[PDB]
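S.K.: Here are the chains, one letter per residue:
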Amino acid sequence: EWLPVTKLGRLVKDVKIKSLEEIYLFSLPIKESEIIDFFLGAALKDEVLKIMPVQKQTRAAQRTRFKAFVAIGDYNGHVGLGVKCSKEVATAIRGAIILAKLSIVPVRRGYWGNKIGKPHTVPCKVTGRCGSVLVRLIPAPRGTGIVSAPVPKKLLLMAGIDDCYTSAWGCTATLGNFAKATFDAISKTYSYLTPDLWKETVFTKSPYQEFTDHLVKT
Amino acid sequence: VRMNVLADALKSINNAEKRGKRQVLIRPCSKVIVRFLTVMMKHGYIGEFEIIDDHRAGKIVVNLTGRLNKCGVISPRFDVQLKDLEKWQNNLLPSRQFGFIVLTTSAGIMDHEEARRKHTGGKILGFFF
Amino acid sequence: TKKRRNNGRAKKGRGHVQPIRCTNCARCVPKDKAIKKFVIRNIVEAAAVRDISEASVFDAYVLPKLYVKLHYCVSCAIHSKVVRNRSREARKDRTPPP
Amino acid sequence: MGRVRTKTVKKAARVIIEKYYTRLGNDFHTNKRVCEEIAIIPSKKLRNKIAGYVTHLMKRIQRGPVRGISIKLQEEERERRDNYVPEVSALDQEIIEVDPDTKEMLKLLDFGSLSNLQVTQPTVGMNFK
Amino acid sequence: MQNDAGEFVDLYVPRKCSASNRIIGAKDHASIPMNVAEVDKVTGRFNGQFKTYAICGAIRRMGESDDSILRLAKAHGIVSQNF
Amino acid sequence: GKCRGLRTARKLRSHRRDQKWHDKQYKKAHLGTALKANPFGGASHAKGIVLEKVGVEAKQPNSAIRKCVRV
Amino acid sequence: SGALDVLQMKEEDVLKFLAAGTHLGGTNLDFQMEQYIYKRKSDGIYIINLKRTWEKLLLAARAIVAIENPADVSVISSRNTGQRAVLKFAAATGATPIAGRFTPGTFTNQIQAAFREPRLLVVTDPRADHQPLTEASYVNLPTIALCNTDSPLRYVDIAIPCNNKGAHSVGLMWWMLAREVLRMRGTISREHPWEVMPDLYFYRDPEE
Amino acid sequence: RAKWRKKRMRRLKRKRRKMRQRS
RNA sequence: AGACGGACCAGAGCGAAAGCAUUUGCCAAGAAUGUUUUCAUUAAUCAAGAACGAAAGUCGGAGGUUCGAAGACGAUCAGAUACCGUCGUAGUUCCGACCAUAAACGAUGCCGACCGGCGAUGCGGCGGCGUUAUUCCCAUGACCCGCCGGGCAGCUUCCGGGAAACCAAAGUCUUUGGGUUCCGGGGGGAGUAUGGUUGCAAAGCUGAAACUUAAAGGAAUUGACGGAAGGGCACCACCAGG
Ligand SMILES: [Mg+2]
Ligand SMILES: [Mg+2]
Ligand SMILES: [Mg+2]
Ligand SMILES: [Mg+2]
Ligand SMILES: [Mg+2]
Ligand SMILES: [Mg+2]
Ligand SMILES: [Mg+2]
Ligand SMILES: [Mg+2]
Ligand SMILES: [Mg+2]
Ligand SMILES: [Mg+2]
Ligand SMILES: [Mg+2]
Ligand SMILES: [Mg+2]
Ligand SMILES: [Mg+2]
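Order-wise, the sequence lines are chains CC, WW, aa, RR, VV, XX, AA and n.
Each number in the authors' numbering comes from the position in the first sequence (counting from 1) with 58 added on.
Each number in the authors' numbering comes from the position in the second sequence (counting from 1) with 1 added on.
Each number in the authors' numbering comes from the position in the third sequence (counting from 1) with 1 added on.
Numbering follows the authors' numbering, with no gaps: position 62 of the fourth sequence is 62.
Numbering follows the authors' numbering, with no gaps: position 72 of the fifth sequence is 72.
Each number in the authors' numbering comes from the position in the sixth sequence (counting from 1) with 1 added on.
Each number in the authors' numbering comes from the position in the seventh sequence (counting from 1) with 1 added on.
Each number in the authors' numbering comes from the position in the eighth sequence (counting from 1) with 1 added on.
Any given hint could turn out to be false.
Unchecked claim - To spell it out: a stretch of chain AA is covered by chain RR in this simulated footprint if at least three of its residues, at any positions, have a beta carbon under 8 angstroms from a beta carbon of chain RR; those stretches are:
(1) 19 to 33
(2) 37 to 51
(3) 127 to 133
(4) 198 to 207
To be verified - With beta-carbon atoms standing in for the labels, derived distance ranges:
(5) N29(AA) / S249(CC): 50 to 60 angstroms
(6) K166(AA) / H29(VV): 27 to 37 angstroms
(7) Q62(RR) / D60(aa): 50 to 60 angstroms
(8) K166(AA) / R87(aa): 33 to 43 angstroms
(9) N25(aa) / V9(RR): 54 to 64 angstroms
Everything labelled a hint here was simulated from the structure, so no lab data went into it.
Where is the CB? At the ideal position from N, CA and C, for every residue including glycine.
All chains should be built: construct the whole structure from the sequences, respecting the hints.
M.R.: Encoded structure:
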């Protein structure tokens, strides 16, 4: 079981907050994976991508540590990425799963041509970068499937995207950067401003502010 | 030297709006810009603009409401032939929904949709979204 | 790797500069490199002062000084322990000590 | 050939004072005994060294506070000198010395109150570069 | 976002700023909404109605949140003409 | 930068021509020097006669004899 | 926000600002603090307008009154001067104070000893108390300050032009601020003068 | 060093011109 | 008698760059500022071609203090046809013609716009309290306080970029197009061989191929090392001594 240290944890332990959307609407940081396991539970699958044995010299002999890459998603518009290094590969894997749950995001989806059914691809083309590799995601019709290397393919399905094209630039054979770039890409979909937007905001009540009463120890 | 009057202004619109400004001033104040600005405003991407007069090139001011991402120009002014629109517009635009390539033509200055509804091609100037 | 931005010499907008010669080394270096130093020392150095001024002929005899301009090489300087190496962030101070 | 005390010695000396400042005094051999009576140390020699630092420390507490030692009696004497108020200080002398530039701002702020203005002087300001 | 049956997708709609019409993201941890109180017009004494002003990170890092709110207030029947 | 006019084609087309020879593969193929110097006349296989049998030594980290023939 | 209404500079507070030198800034000027200026005199000491500095002091108060639980608010003064005022300001409205040596990580690092997640932040100086202004960027917090004419203005949302050097001016400005927040919400009438003196917030050097 | 690789060559290139001028 | 023009000499000025320092006189050019003068698109960049171009060097005269490639000696060294010391030729100096190279570096093409602040410095113009000026009050600098232009630079920042170091430009670049010029395409062979061209010679310009090879390289990190520097330490180190 788990005790929340802070405000936000105390509320989700109760039934005040109902979902994750509100948390994102106010851009609130989360620092407790016990929350993610509450809302998103058992619809969430994970996999490792690589185990990379870095090492360092000292006076006696090399000291090696194992680093790890993990990706997590539910196939309905969420995706996470996590990294961590330690000495035992299990403890390495365990912690990065926690960070991966933690730095989870939403991902937007839209249509290519005509708007019949549910969205299957991205609305608009976007890009990303991290240190000598650039990535570019492009919409496609309904049925092509994803065309890419295995890495982002493993990752884009976890968002729940169905169809897309793909291109790339630079040294793709460094997986760490090649992964984070496509994650930077699908992070910045809810930051592009379309004409679908441009309606004013209807500002809500900031959950900390509305449930002040229960928090002050009653 | 300033071999092109339209290239510089859109840059000086883009940079400012990329920063967070509310107004800008762009100097040489030529005819072709006025059409270009009118059609942007008409679709709603900017506010009004007041065009200062002097016994010279003139001057001009715009009000942004910066819901614009990028404004662009294509030079040299190429020649379109009404079957290549698709090949131009897929590899300049972000999607098949929005964004307009503007072109001069015998009827005037218009966007690509209106050109196809009037069934005529022309010469290309720029693009915005 | 530019270890410095000045490139070690305070030229900034000439084209060419005259040289000088190290006072010890005897080598030919520019005037914007070539550490400078200025001496305002006395002549008797704090030891024979009492002896002279008591064995004088005049009345307290203000006792002149000695003035010199000095030029040093970069190499000859560090060996003379005038200046010393520094760390990365502290290289960027153009202040002398008290 | 050196004698420095460690963290275990110091921290306990701090805690002992911060509880039992009344039991203790300025004599070592009494301070020795009380520490034995209240606390249960495993060793005779550790017993000794703690008290020797305690007694050195009391002489400091006599005058001048200390960083990590909060004593009641000191803290109320602080508290008195915190709540201390004078009779009057902001009513200065019924004459307020004022300059002309203020008087213009005051005049624009609609005040013809009681004030003064008797200053003119050439500019000196900054210092030698 | 609507389909051809007027439905609504895009599980939420992200709050925009008020000062640049830029969007706030799920990880822009330097964004704020800000409440301010309204008075009874006779004797102070906040009565229950307050407003909201939303700011993004880029403006708050540049050092321009001060006047943005000020001119937001200077329009809303709230801080008057300083002259 | 780049030329980028509307009637610049002769220059660009020219520039690509003289500047393509600085590629190793194109230069090798379109000049006859490698071709006339290849023992095979632009061919895959070839018949020939044996006249010796020798053993060639290998590089440093390995050590062996690789049993070749003069033909 | 000082609108045209009953609340406005009468004749008495002005005497106090002039008495303590709450209208002389320093010499150097930031380009952000150049709209709160009236003029430069002969000597390089700029005059601050006592119309905007009162019309923003109210605005800070209206922010604070929005927040019904006062203990979520936090007040900081690392410097010796604003020490006493802050402790009385905390007492006089139920805030949570932090005086001297703000330890890093107090708003991050959930498993720290003195961890606390407030909603609003008040400051005497932005150039000395520049950690929490930063740490309010890793966490959403609106930020309020007492700023002089030369003050690098960043990560902050409500600036109140004062003279943050003089002990008289500092503790004076708090006295006003504490006064309004109680007028706006409480038993203080807004007509007849409030009991305690604004000398209680001064910083007394160890002289006697 | 390259200054001396450059200089060794010229000494040689003279011997070639000198040898070749005999014919 | 012949060279050289100290300190003042500055992250100061001028020039297309190379580069420019005693006084005075003469000769002809030039930038910036100021302008309610004038002509009216006359312009930007540029294959071929043309001027200038540190030091060394070559050619013919005059001159030859100082320094000093070659060269000879004395020392150190296992050896030194080097580092050190003493002598000392070409040259270093001026007049007139050749050559056309350099880490000839801001290792960063030219033109034009846009993009954040701060305090200074140099030229010109505009203003203002006051002090001196001088000889009775003015126009000269000097400061004091600001402004404006176009300059050599500087400090600071989540502007933004970038492999990073770092940079108000190396920015406005997968949201890719302002105008135009020259040039690069794994490492060596090789700026070699040959052909043509200039030059008195030295050399310069243009410029290969067979063959060989799986790595050469850039920025930053952790150790180790150092006849590199700053603090300490030990009789399995030293001093003084048994
Ligand atoms: Mg040079
Ligand atoms: Mg190839
Ligand atoms: Mg040429
Ligand atoms: Mg020469
Ligand atoms: Mg010569
Ligand atoms: Mg001669
Ligand atoms: Mg000699
Ligand atoms: Mg060259
Ligand atoms: Mg070069
Ligand atoms: Mg680069
Ligand atoms: Mg390009
Ligand atoms: Mg090659
Ligand atoms: Mg190299």
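S.K.: Indicate, hint by hint, whether the structure satisfies it.
M.R.: Taking the hints in turn, this is what the structure says about them:
| no. | hint | result |
| --- | --- | --- |
| 1 | 19 to 33 | holds (count 5) |
| 2 | 37 to 51 | holds (count 9) |
| 3 | 127 to 133 | violated (count 0) |
| 4 | 198 to 207 | holds (count 6) |
| 5 | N29(AA) / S249(CC): 50 to 60 angstroms | 38 angstroms, violated |
| 6 | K166(AA) / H29(VV): 27 to 37 angstroms | 33 angstroms, holds |
| 7 | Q62(RR) / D60(aa): 50 to 60 angstroms | 59 angstroms, holds |
| 8 | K166(AA) / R87(aa): 33 to 43 angstroms | 35 angstroms, holds |
| 9 | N25(aa) / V9(RR): 54 to 64 angstroms | 58 angstroms, holds |
This entry does not satisfy hints 3 and 5, going by the numbered hints stated previously.
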